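Chemist: Given chain A, put chains A' and A'' with the ligands in place with the hints provided.
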Amino acid sequence: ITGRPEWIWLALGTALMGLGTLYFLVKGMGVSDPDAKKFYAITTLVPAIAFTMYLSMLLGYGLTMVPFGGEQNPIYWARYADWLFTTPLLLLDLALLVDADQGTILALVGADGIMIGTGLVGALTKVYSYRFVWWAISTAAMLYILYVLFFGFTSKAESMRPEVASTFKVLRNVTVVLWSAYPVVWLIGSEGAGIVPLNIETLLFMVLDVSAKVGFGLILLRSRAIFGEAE
Amino acid sequence: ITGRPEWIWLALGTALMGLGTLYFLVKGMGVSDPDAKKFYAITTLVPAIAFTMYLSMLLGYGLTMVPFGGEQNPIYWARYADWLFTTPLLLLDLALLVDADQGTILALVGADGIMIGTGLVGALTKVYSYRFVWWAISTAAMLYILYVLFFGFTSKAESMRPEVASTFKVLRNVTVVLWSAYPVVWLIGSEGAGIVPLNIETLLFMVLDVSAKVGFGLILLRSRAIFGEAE
Amino acid sequence: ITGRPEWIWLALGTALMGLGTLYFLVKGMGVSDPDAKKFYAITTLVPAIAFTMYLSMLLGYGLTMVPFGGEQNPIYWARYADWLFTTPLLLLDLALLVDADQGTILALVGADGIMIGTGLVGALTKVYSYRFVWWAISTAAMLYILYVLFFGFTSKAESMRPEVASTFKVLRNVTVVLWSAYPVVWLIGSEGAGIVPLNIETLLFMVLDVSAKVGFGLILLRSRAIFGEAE
Ligand SMILES: CC(C)CCC[C@@H](C)CCC[C@@H](C)CCC[C@@H](C)CCOC[C@@H](CO)OCC[C@H](C)CCC[C@H](C)CCC[C@H](C)CCCC(C)C
Ligand SMILES: CC(C)CCC[C@@H](C)CCC[C@@H](C)CCC[C@@H](C)CCOC[C@@H](CO)OCC[C@H](C)CCC[C@H](C)CCC[C@H](C)CCCC(C)C
Ligand SMILES: CC(C)CCC[C@@H](C)CCC[C@@H](C)CCC[C@@H](C)CCOC[C@@H](CO)OCC[C@H](C)CCC[C@H](C)CCC[C@H](C)CCCC(C)C
Ligand SMILES: *C/C=C(C)/C=C/C=C(C)/C=C/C1=C(C)CCCC1(C)C
Ligand SMILES: *C/C=C(C)/C=C/C=C(C)/C=C/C1=C(C)CCCC1(C)C
Ligand SMILES: *C/C=C(C)/C=C/C=C(C)/C=C/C1=C(C)CCCC1(C)C
Ligand SMILES: CCCCCCCCCCCCCCC
Ligand SMILES: CCCCCCCCCCCCCCC
Ligand SMILES: CCCCCCCCCCCCCCC
Ligand SMILES: CCCCCCCCCCCCCCC
Ligand SMILES: CCCCCCCCCCCCCCC
Ligand SMILES: CCCCCCCCCCCCCCC
Ligand SMILES: CCCCCCCCCCCCCC
Ligand SMILES: CCCCCCCCCCCCCC
Ligand SMILES: CCCCCCCCCCCCC
Ligand SMILES: CCCCCCCCCCCCC
Ligand SMILES: CCCCCCCCCCCCC
Ligand SMILES: CCCCCCCCCCC
Ligand SMILES: CCCCCCCCCCC
Ligand SMILES: CCCCCCCCCCC
Ligand SMILES: CCCCCCCCCC
Ligand SMILES: CCCCCCCCCC
Ligand SMILES: CCCCCCCCCC
Ligand SMILES: CCCCCCCCC
Ligand SMILES: CCCCCCCCC
Ligand SMILES: CCCCCCCCC
Ligand SMILES: CCCCCCCC
Ligand SMILES: CCCCCCCC
Ligand SMILES: CCCCCCCC
Ligand SMILES: CCCCCCCC
Ligand SMILES: CCCCCCCC
Ligand SMILES: CCCCCCCC
Ligand SMILES: CCCCCCCC
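Chains as they are written, first to last, in the deposited numbering: chain A, 4 to 234; chain A', 4 to 234; chain A'', 4 to 234. A prime marks a further copy of an entry chain.
Only chain A is shown next, with the shape it has when bound in the complex:
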C-alpha cells in the first residue's frame, strides 16, 4: 500500500466515504415519509458505492497499467466503475426533486452513461492522440447534461413549492461547478497531458468526490424539500 505516494489520499477518501455512509444511514433511520425515503435511499447508496471503490484503489485492486507515450502508466480504472453508478444516482436526486418527466430522466441517465463510458475508453486507449478524441466526446455529453439542468429543470423548479425550488437551485449550482472540474483534472493529469503528477491528481479527485457526494448529500438531506407537504 504505502509504496504508492498517493496512498494517503486514497485512505482519506475511503474513511470520509465510509463515515458519510454511516451518518446518512443513521440519520435515515427515523424516516417514514415515502417521499423522504426515496431521497435517503438514493443519497446513502452514493457514498457506499464510492467507499468500496476507494477501498479497491487503496488495496491495489482497482489499478492497472496502460502503455502509452512509451511508458507503463498507472491508471485507476475503479474510478469509472464508481462514477458509472453514482453519477446517475446523483442526477436522479435532482430530477425527482423537480418531478421531472420520464423522457427527460432517460435522456440524462443515457447521456451520463455515454459520458462515463467514453471516459473509460479514453483512459484505457493505447494510442496517445486518440485518448483526447474520447475526452472530447465525453465532454460533449457532459455539456448536454449541464444544458438540461439549466434550460429544462430550472424552469420546472420555479413552478414548484418554494423550498424545493430554492434547494434545487443550490444543488444545481454545486453540481455544475464541481462536475465541470473533473474533465479538467483528467486532461492535465496522468490520464491526459501528464502536467500534474498522479499523487496531486489523486488529491484533487478526492476533494471533488467528497464534496460532490457527501457535501451534496448533507445539503439535500437537511432540506425540507424531501418531505411531502403534510399537516
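No lab work stands behind these hints, which were simulated from the structure alone.
Beta carbons: idealized from backbone N, C-alpha and C, even for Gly.
Fair warning: there could be bad hints in the mix.
Every beta carbon over 10 Å from chain A, so not counted as near; a handful from chain A', in silico [what the hints assert, rightly or not]:
1. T107
2. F135
3. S183
4. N202
5. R227
Computed beta-carbon distance windows for the label pairs [claimed, not checked]:
6. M68/A x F154/A'': 40 to 50 Å
7. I4/A x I203/A'': 29 to 39 Å
8. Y131/A' x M68/A: 28 to 38 Å
9. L99/A x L146/A'': 46 to 56 Å
10. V177/A' x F154/A'': 49 to 59 Å
11. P70/A x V130/A'': 17 to 27 Å
12. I198/A x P37/A'': 52 to 62 Å
13. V173/A'' x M68/A: 49 to 59 Å
14. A233/A' x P37/A'': 24 to 34 Å
15. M163/A x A196/A'': 50 to 60 Å
Modeler: Chains A' and A'' with the ligands only, in chain A's frame:
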C-alpha cells in the same frame, strides 16, 4: 486504421450513426408533449450509443483476437456492447407504443439480454463446436421475442388508436425482418462457419444496423402516434 | 469437461435449471391477469439466467485461475454474473408481493449489488488476507438486506390480504435460511479457507441455487397471492 480492409464500412457506419443522432437531436428540440419526449429520448440514444461503438471499432479498440480453428480470429466485441443497450431500447419504443404491461416489458428485456449475452459468449468461445451451442440458445431467445411481438402486442395494438396501430404494425414488420438477418450473418461470417469474409460481413452488419436504428427512428418520429390525443 | 471432478454437479445444475425454466414457461402460458404476469416474468427469468451460467461453467468458459497461497486456484467467476442479476430479481418478487415503496426497493437492490460486487472482488483478489476483508463487507450488505426483509416488510405484509401475508412469510423464511448459507460455503470453500474441496463446494452451491430459485418459484407461482382480488 486503413490496414484493415473493413475500415471503409466502419467509417461509413460511424458517419451515418453520428448524422442520425444529430438529426434526431435537432428534430426533438421543439417538442413539449411528455409522451413524445419519451420516444425522442429513447430513439435518439440508440444511434448515439451505436456511434460510439462504431468509432471504437474504427480506431481498433473494440477488436480482439480469439484462437479457434488453429487461427487467431479477429472478433469485434464492441458490437455486443452496442447491442446490449440499443436492442432493449428499441423494444421499449415498441412496447410503449402499444402501452404494454410491465410484466411483458420485463420478459422482453430479459430475453433480449440473454440473446445478446449468449451471443457474446459464443463469439469469445475457443472450442469451435461450442460456439454454435451458444448461437442456438441465443436464437431461441430471439424467437421468443419475435413470438411476443406477434402474438401479444399485435392484438394489443388493434384495441388502440388507429394511428398507433398502423405505425406499430409497420415498425413490427421492419423489426422482425431485420433482426432475423443478424443470426444468419453471424453463422456464415467470421464468428461462425467463415464462409463470408470479414470485410463483407462488416458491410452487412452496417446496412442492418443503420436500417434497424436510423431507418426505424425516421419512421417512428415522423408518426403522429407518439403524441397524445390533444385538441 | 469430465476432466474436472465437479463436472457432475455442474451438469445436474444445468439440467435442473433448464427443466425449471421450461415448467414455469409452460405454466405461465395460460395467464392474463396483469399482476400475475409480473410474477411469472420475474420468476421465469431467474432459472433461465442461471441455466446459461451453469452451462458456461460446465463447458469451462466461466472458470479462471487466480494465484494466491502460492497456487493457481480455480475460481468459477460465472457464479457472480448469475447472482448479479438473479438475486435482485428474487428480491423484487418479495417486494412486489408486499407492495413495498420505491425507496425501499432501491435500497434493497443497491445493497444487493454491493453484496455481489464485493464478493466478486474478494474472489479475484490475489492478496490472501484481503479476500476476507471483501467477504466481511459483502456479509454486512447481506445483513442489511435480511434486516429489511424482517423489520420493514413483515410489518407491511400483515396489513395486506391474508393470502399474500402467509405466502410472503413462507418465502421470507426460505430466503433468509438459504441465502445465509452462501457466505458460509464461500468462507470454508476454495474461495476462502480451503477446508472443503471444490467438488463438494460445487455440490453445495448447486443444492442452494436450485432450492433458492426453482423451489422458491414453485411456492410462489402456486399461490393465489400473485393474482389480484377479482370476482
Ligand atoms: C443507456 C446507457 C446506460 C447507455 C450506456 C452508454 C455506453 C454504451 C457508452 C459506451 C460504453 C462502452 C465503452 C463500455 C466499454 C467497457 C469496457 C471498457 C470493458 C473492458 O474492456 C475493454 C478491453 C480492455 O481494455 O477489453 C478487452 C477485450 C475483452 C475480450 C472484452 C470482452 C468483454 C466486453 C467488454 C463485453 C461488453 C460488456 C459491456 C460493455 C458491459 C457494460 C460496461 C459499462 C462500462 C457500460
Ligand atoms: C435481466 C437481463 C438483463 C439478464 C441478462 C442476461 C445475462 C445473464 C445473459 C448472460 C450474460 C453473461 C454471459 C455475460 C458475460 C460477460 C463476459 C463476456 C465479460 C468478459 O469476460 C469473459 C472472459 C473472457 O472471455 O473473462 C475472463 C475472466 C475474467 C476474470 C472475468 C471476471 C469478470 C466477470 C465478467 C464479472 C461479471 C460481470 C457481469 C457479467 C457484467 C455484465 C456484462 C453484460 C455482458 C451482461
Ligand atoms: C446500484 C447498484 C447496482 C450499485 C452496484 C454496486 C457496485 C458498485 C459494487 C462494486 C462493483 C465492482 C467491484 C465491480 C467490479 C467488476 C470487475 C470485477 C470486472 C473485472 O475486472 C477486474 C479486474 C481483473 O480482476 O480487471 C482488470 C483490469 C481491467 C482493465 C478492468 C477495466 C474494465 C472495468 C471493470 C470497467 C468497469 C465496468 C463496471 C464495473 C461494469 C459493472 C460490473 C458489475 C460486476 C457491477
Ligand atoms: C462522485 C463523482 C462524480 C460526481 C464524478 C463526476 C465525473 C465527471 C463529471 C467526469 C467527467 C469526464 C469528462 C467530462 C471527460 C473526461 C473524463 C471524465 C470521465 C473525467
Ligand atoms: C441495432 C442493432 C440491432 C437491432 C441488433 C440486433 C441483433 C440481433 C437480433 C442478434 C442476434 C444474434 C443471434 C440471434 C444469435 C447469433 C448472435 C447474435 C447476437 C448476432
Ligand atoms: C440464486 C442465487 C442466490 C440466491 C445467491 C445468493 C448469494 C449470496 C446471498 C451470496 C453471498 C455472499 C456473501 C454474503 C459474502 C461472501 C460472498 C457471497 C457473494 C457468496
Ligand atoms: C480544476 C482544478 C485544476 C487546477 C490544478 C492546479 C494544480 C496546481 C498544483 C501544482 C502543480 C504541480 C506541478 C509541479 C509538480
Ligand atoms: C451536523 C452536520 C455534520 C455531520 C457530520 C458529517 C460527517 C461526515 C463527513 C463530512 C465531511 C465532508 C463534508 C463536505 C466538505
Ligand atoms: C441475410 C443475408 C445473408 C446473405 C449473404 C450473401 C453474401 C453474398 C456475398 C458473396 C459471398 C462472398 C464469398 C466469396 C468471397
Ligand atoms: C427528411 C427525412 C430525411 C432526413 C435526413 C436523415 C439523414 C440521416 C441519415 C439517414 C440515412 C439512412 C436512412 C435509412 C436507410
Ligand atoms: C452451510 C453448510 C456448510 C456445511 C459444510 C459441511 C461439509 C461437510 C462435508 C465433509 C467435509 C469434507 C472434508 C474432508 C474432505
Ligand atoms: C407439480 C409440481 C412439480 C412440477 C415439476 C417441477 C420440475 C422442476 C424441477 C424441480 C426440482 C427441484 C425442486 C426443488 C427441490
Ligand atoms: C443488461 C442491460 C439492460 C438494460 C438496458 C437499458 C434499457 C432498460 C429498459 C428498461 C425498461 C423498463 C422495464 C420496467
Ligand atoms: C447491477 C445490476 C442490477 C440490475 C438487476 C436487474 C433487476 C433490476 C430490478 C429493478 C427494480 C426496480 C427499481 C425501481
Ligand atoms: C452549455 C450549457 C451551459 C451550462 C454549462 C456550463 C459549461 C461549463 C464549462 C465546463 C468546461 C469543461 C471543459
Ligand atoms: C415463432 C414466432 C413466429 C415469428 C418469428 C419468425 C421467425 C423468423 C425466423 C428467423 C430465422 C433465424 C435463424
Ligand atoms: C440482523 C438482522 C436479523 C436477521 C438476520 C439473520 C442473521 C443470520 C446470520 C447469517 C450468518 C452469515 C455469516
Ligand atoms: C497528441 C495531441 C494530438 C491532438 C489531438 C486533439 C484532439 C482533440 C479533439 C477535440 C475536437
Ligand atoms: C463443428 C460442428 C459441430 C456441430 C454442432 C452443432 C450444434 C448446433 C446445436 C443446435 C441444436
Ligand atoms: C490470513 C488471515 C488474516 C485474517 C484477516 C481477517 C479479516 C476479517 C475482517 C472481519 C472484520
Ligand atoms: C468507519 C471508519 C472507516 C475507516 C477505514 C478505512 C480507512 C483506511 C485506514 C488504513
Ligand atoms: C458529423 C460527421 C461525423 C463524421 C466523423 C466520423 C467519420 C470518420 C471519418 C474518418
Ligand atoms: C431440457 C434438458 C436440458 C439438459 C441439457 C443440459 C444437461 C447437460 C448434459 C451433458
Ligand atoms: C460543496 C461544499 C459542501 C459544503 C457541505 C456543508 C453543508 C452543511 C449543511
Ligand atoms: C427499413 C428501411 C427504412 C427506410 C427509411 C426511410 C423512412 C423515410 C420516412
Ligand atoms: C426450499 C425447499 C423448497 C421445496 C419445493 C417444493 C415446493 C412444492 C410446492
Ligand atoms: C446561491 C447558492 C450558491 C451555491 C454555489 C456554491 C458553489 C460551490
Ligand atoms: C458555471 C461555473 C463553471 C465553473 C468551472 C470551474 C472549472 C474548474
Ligand atoms: C405493411 C408495411 C410493410 C413493411 C415491411 C418492410 C420490410 C422491409
Ligand atoms: C418474417 C419474414 C422473415 C424474413 C427473414 C429474412 C432473413 C434473411
Ligand atoms: C416440462 C413441461 C411441463 C409439462 C406441463 C406441466 C403442466 C402445466
Ligand atoms: C412457516 C414456514 C416455514 C418455512 C421454513 C422452511 C425452511 C427451509
Ligand atoms: C434464521 C435462521 C438462520 C439459519 C442459518 C443457517 C446457516 C447455515
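Chemist: Does each hint hold? Answer for all of them.
Modeler: Do the hints match the structure? See the list:
1. Consistency note on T107/A': stated as away from chain A, and its beta-carbon is indeed over 10 Å from all of that chain's, at 18 Å minimum.
2. Under the 10 Å C-beta cut-off, the non-interface status given to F135/A' relative to chain A holds; the minimum distance is some 31 Å.
3. With a cut of 10 Å on Cβ distances, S183/A' stays outside the contact zone with chain A, its closest approach being about 27 Å.
4. Against chain A, the non-interface label of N202/A' holds: every CB pair exceeds 10 Å, the least being about 22 Å.
5. Its beta-carbon lying about 17 Å from the closest one in chain A, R227/A' satisfies the requirement of being farther than 10 Å from that chain.
6. Restraint check, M68/A to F154/A'': a C-beta distance of roughly 46 Å satisfies the suggested window 40 to 50 Å.
7. Range check, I4/A to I203/A'': Cβ separation about 35 Å, and the 29 to 39 Å hint holds.
8. Between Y131/A' and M68/A the CB atoms are about 33 Å apart, so this pair conforms to the stated range of 28 to 38 Å.
9. A C-beta distance of roughly 28 Å is found between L99/A and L146/A'', which places it outside the suggested range of 46 to 56 Å.
10. The hint said 49 to 59 Å for the Cβ distance between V177/A' and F154/A'', and at roughly 51 Å that hint holds.
11. Between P70/A and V130/A'' the beta carbon distance is about 25 Å. The supplied range of 17 to 27 Å therefore holds.
12. Checked against the given bound of 52 to 62 Å, the beta carbons of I198/A and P37/A'', roughly 59 Å apart, stay inside it.
13. With their beta carbons about 52 Å apart, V173/A'' and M68/A fall inside the hinted range of 49 to 59 Å.
14. Judged by the Cβ atoms, the range 24 to 34 Å given for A233/A' and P37/A'' holds: they are separated by roughly 27 Å.
15. Distance hint check: the CB atoms of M163/A and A196/A'' are about 56 Å apart, consistent with the given range 50 to 60 Å.
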